[PDB]
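Note sheet for the following structure.
The full complex has more chains than appear here; those shown keep their coordinates.
Labels run A and B following the written order; every chain starts at residue 1.
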Amino acid sequence: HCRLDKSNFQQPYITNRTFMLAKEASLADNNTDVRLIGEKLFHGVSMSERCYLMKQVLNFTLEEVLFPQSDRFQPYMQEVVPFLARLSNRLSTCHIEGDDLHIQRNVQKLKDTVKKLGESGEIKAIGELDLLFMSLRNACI
Amino acid sequence: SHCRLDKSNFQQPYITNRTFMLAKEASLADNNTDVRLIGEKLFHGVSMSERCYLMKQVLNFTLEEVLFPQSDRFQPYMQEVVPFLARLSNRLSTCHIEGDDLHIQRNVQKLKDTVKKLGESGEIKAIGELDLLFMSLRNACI
């Protein structure tokens, strides 16, 4: 069962940090065509499965994007990662009954895009932490 | 003229805390929560450069159709945050874009509709998200 308490998204300090990190990383992004978290990602996914979908994206973002580039974007990274990780932890006892193929297919497209763009693909992801934060909030509360 | 605000605009004393406290308070009263206003959809088809203009539209709507009309409620928070947002709106009044703003207006339209359809509670939900509107303004315009 996937739900996150809204209180997680209402603290001024950490919210500001997460958004400044997104700004920082985006001021170093060049792709003006591809948006990782957008309409295509949620396409064909019911409201009730969106939090589960976001769980995948968050896991990927911590694992293959944030944990890597830790030596960068200081001192934002140092505060934001623990926070996102706490959230990813809460969502581990969260699953869905049905078929998650269409969902995994959507996430796959995002994972592909990041790996293909390599180094900067990770930069783009971090530049989108503001959309990640908004998506987690809307899908999980 | 241009679409941008000096970072000093978002460093004024305790404006951020107040805005979040206001949002928290109004959130307590938000019955309908299966419906969100600010989020991923709002940005569909909008480039990084256009975001500040998009946020300008949402801020203008929020002030005129939501904040000035509920200015008597959620005190004393309301009184401290509104004037600040009003000045911000004024500072952005010359913010414009060249291309077509059809996508932006269609997105904003969806937000106005949701707020209008929910009546009094639509106004509450809008205030309950001033924190995200504010952080989005900061990111888009500095």
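The definition used in the following text is that a contact is a pair of C-beta atoms (placed from the backbone, for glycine too) under 8 Å apart; a residue touches a chain by one contact, two chains touch by 3 or more.
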item	value
Full count of same-sequence chains in the assembly - 2 placed in this view	6
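One rule holds for everything that comes next: only the chains that are shown with their structure count from here on.
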item	value
Geometric centre distance via CA averages, chain B-chain A, whole Å	23
Sites on chain A touched by chain B in the complex	6, 10-12, 15-16, 19, 22-23, 26, 32, 37-39, 42, 47, 130-131, 134-135, 137-138, 141
